[PDB]
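Coming up is one lone chain in structure tokens, specifically the form solved without galactose-uridine-5'-diphosphate.
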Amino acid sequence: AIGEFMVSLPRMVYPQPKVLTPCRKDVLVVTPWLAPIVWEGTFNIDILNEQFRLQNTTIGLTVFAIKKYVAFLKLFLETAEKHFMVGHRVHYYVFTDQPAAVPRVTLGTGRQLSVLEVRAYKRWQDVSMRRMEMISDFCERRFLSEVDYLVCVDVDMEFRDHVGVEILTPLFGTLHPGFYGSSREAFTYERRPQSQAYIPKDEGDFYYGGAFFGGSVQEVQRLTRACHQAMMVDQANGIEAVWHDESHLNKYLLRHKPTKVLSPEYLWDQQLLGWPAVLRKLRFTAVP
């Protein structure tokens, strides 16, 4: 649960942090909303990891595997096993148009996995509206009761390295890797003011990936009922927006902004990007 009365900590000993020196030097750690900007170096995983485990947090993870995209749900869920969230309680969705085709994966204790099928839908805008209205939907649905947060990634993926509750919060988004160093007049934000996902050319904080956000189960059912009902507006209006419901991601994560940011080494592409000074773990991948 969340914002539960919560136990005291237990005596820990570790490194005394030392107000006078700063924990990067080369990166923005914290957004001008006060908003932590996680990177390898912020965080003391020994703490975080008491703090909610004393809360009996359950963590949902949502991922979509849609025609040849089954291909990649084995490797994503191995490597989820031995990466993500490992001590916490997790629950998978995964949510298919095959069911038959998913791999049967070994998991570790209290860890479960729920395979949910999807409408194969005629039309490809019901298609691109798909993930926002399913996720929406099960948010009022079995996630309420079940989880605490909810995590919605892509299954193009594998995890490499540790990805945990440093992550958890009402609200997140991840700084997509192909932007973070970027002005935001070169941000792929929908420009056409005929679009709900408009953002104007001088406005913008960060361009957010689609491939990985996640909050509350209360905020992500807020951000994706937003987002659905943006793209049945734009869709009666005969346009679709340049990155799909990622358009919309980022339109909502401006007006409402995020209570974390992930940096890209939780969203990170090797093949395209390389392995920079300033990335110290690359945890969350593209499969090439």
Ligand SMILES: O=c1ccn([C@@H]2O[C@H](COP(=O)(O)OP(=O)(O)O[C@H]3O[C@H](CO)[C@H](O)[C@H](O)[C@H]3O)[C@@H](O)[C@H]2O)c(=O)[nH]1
The other form holds:
2 protein chains.
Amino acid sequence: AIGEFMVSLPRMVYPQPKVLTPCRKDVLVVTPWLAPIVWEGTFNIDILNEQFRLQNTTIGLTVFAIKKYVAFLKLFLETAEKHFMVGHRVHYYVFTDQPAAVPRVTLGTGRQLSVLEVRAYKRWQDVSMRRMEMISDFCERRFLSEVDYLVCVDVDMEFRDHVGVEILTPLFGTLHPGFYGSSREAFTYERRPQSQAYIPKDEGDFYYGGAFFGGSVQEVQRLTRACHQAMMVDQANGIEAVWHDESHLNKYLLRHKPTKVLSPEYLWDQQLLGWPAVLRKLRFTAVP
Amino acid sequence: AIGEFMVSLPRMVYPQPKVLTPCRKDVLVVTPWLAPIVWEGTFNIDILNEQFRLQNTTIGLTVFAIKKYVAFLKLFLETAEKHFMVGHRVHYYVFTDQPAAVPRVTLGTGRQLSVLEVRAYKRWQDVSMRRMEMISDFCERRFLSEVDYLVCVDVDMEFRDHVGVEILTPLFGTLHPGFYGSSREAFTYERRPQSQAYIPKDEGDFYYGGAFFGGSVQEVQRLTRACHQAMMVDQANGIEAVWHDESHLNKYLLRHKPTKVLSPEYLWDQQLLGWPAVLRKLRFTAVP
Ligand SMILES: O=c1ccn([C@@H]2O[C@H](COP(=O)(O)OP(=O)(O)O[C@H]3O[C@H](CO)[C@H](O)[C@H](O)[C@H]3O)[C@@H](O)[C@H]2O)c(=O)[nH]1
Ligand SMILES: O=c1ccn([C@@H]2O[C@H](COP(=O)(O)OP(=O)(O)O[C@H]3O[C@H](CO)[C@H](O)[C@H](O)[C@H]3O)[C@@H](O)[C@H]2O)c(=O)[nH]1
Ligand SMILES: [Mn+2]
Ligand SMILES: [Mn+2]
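Next up, the form deposited with galactose-uridine-5'-diphosphate bound. The previous block was the form solved without galactose-uridine-5'-diphosphate.
Every component of the complex follows; first up is the chain already shown.
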């Protein structure tokens, strides 16, 4: 459940937070709108796990495996079993054009998987973009009744370390690994005013990655509906945003600030970027 | 309103957050349960003001002025007019045994004051403690229908600097100025197991001050009801907690973690503690 009566935490023995010691001295851990930026060292997972288990939290995870991308599912799901929300209720939603071709991955207790058949678009750009419509079509069909939070990710990825309830919040985006140290002028936002995704050069907080966002079902419905409707306006006007759904996601999260931001620990590419000292954990990574 | 549909923020030009620069290097700015700890430098008030104004937020401020403490009201209210939630809708609730003795303080537009008559208890300890019952009696009478958030403070205080929408969240407490640098064993929690306020020596996050807490009306009703009911159990058992309502507040916030914590900028005593370098702002201070 979300927003229901919260019982009292049990007694717990853990290290005292020290008010006069920063938890990170190398990174920003809170946005200027007071949203936590989630890095290792910012959270005590034992406290968070208690809070979320006492609410009987169910997390849905959406992933699209269309055309040849079904090949990515086995590793994606096996590694999610090892690292994603372990101990909590999880419902995987695998959207595919090949519903008999989903690998038979063994799931832990309290975890289930549904296969949702969808059409395949010809262009990769359309496959990627149309996830927003498809996720929003499914909020009413399933998600409102089945889960508390939705996490929406790319499939060509693997979990390498813990991804848990520290991410859960009404609305989150994730810092794209290519831009976390960049100034806003260098962010690859859509820069043509003719597009609904347009962001001026003097605006922008962060460059969020299209491959990892989420929130409560209500907030994810809002985001995905808004991005789809913006895409359809652009289509009617003969323009396609430079980075497709990621461009629209960035416009949405500029105007509707997320209540948590995930660090690039949660969205990485070791082939392209190595393992900087600032990443204490590499949690969710590109398959090379 | 709270929890309603949020329109899009307008365009704003402000400094880009820098991911690789901490906002404070001298203090903890987020708790281990991912609640912001509010210090100067952690927030851009322009963004927050936009967010809260677009929700038509109304803030209630409760204050008790019983017996000789009516003398504190003039400065309290005049300085609140200068510093508390300026630009937002405010409703002051002055609880007093001398309802004709409230000073005539000139209020800004969108700000109003109600006087609520209550009984005076003989002992200062009972006057202080019974605020929890009185605040909880008034959630149903007025607060649910009149305000979005409640802020509950001591009267023998003055505002010296900005106290605004950065504090608003479902549930907050404030670091007591005498203990922010102390280890938990030194916190003056109730230590007798016979009291409902008991906290063992190996437990505790922070020592919260009784003089400044708040949250949504729903969360403040819960806190104040719980503290009152705990007090009544103690009374039946012939025990009074060492620091009265503050002891019960601390027990509640240990078991029900706040969603923001205010730094001691928000609760200070310059006579006793001076002006340390760690306090960039002294916002709400004891009258000496
Ligand atoms: O034939 C396809 C093409 C895409 N996809 C799905 O769409 C996702 C995104 O497409 P790609 O992985 O092909 O492209 P990128 O890795 O460049 O994706 C990045 O850029 C995209 C926009 O161009 C999206 O924002 C995406 O979330 C972001 O990680 C895939 O992971 C997969 O889930 C398929 O299932 N089949
Ligand atoms: O005769 C009185 C006594 C108290 N109060 C009200 O109760 C508040 C708290 O009492 P005091 O200010 O007399 O006592 P302290 O400053 O020591 O208060 C501190 O300790 C208390 C518990 O002992 C409470 O937790 C309080 O919030 C905390 O700041 C006052 O500010 C005032 O609002 C009155 O109105 N009249
Ligand atoms: Mn890809
Ligand atoms: Mn006092």
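Numbering follows the first chain given and starts at 1. Heads up, when I say rigid core I mean the largest set of C-alphas that superpose within 1.5 Å between the two forms.
Only one of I199, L75, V105, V127 has its C-alpha shifted by 2 Å or more between the two forms once the core is superposed, and that residue is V127.
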